[PDB]
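Please model the entire structure based on the sequences and the hints provided.
8 protein chains.
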Amino acid sequence: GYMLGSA
Amino acid sequence: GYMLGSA
Amino acid sequence: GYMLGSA
Amino acid sequence: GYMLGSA
Amino acid sequence: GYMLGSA
Amino acid sequence: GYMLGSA
Amino acid sequence: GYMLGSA
Amino acid sequence: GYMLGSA
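Chains as they are written, first to last, in my numbering: chain A, 1 to 7; chain B, 1 to 7; chain C, 1 to 7; chain D, 1 to 7; chain E, 1 to 7; chain F, 1 to 7; chain G, 1 to 7; chain H, 1 to 7.
Calculated directly from the structure, the hints in this document are not laboratory data.
Be careful, since some hints might not be right.
Facing chain G, from chain C, some residues (calculated, C-beta under 7 Å) [stated by the list, open to error]:
id, residue
1, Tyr2
2, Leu4
3, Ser6
Note that the Cβ used here is the ideal one computed from N, Cα and C, for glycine as well.
See the structure below:
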């Protein structure tokens with residue numbers, strides 16, 4: 001599984 | 001922001 | 001499954 | 001924002 | 001699936 | 001804005 | 001801005 | 001899967 005993103 | 005998670 | 005989007 | 005989730 | 005757009 | 005989502 | 005996510 | 005865009 002994975003989690004990605006911008007903040 | 002933008003996010004994507006999957007599992 | 002997945003969840004994605006903008007905030 | 002925009003969102004899409006699926007499972 | 002997908003989500004796209006402008007904001 | 002403009003949006004399109006599909007699943 | 002513009003965004004596209006898919007999974 | 002992927003997420004892309006501008007901010």
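Interface restraint verdict for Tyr2/C against chain G (beta-carbon cut-off 7 Å): holds, 4 Å
Status of the hint placing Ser6/C at chain G (closest C-beta pair under 7 Å): Holds, because the Cβ-Cβ distance from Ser6/C to chain G comes to roughly 5 Å (cut-off 7 Å).
Interface restraint verdict for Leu4/C against chain G (beta-carbon cut-off 7 Å): Hint on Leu4/C: holds, closest Cβ of chain G at ~4 Å, below 7 Å.
Violated hints are absent here; each numbered hint is respected by the structure.
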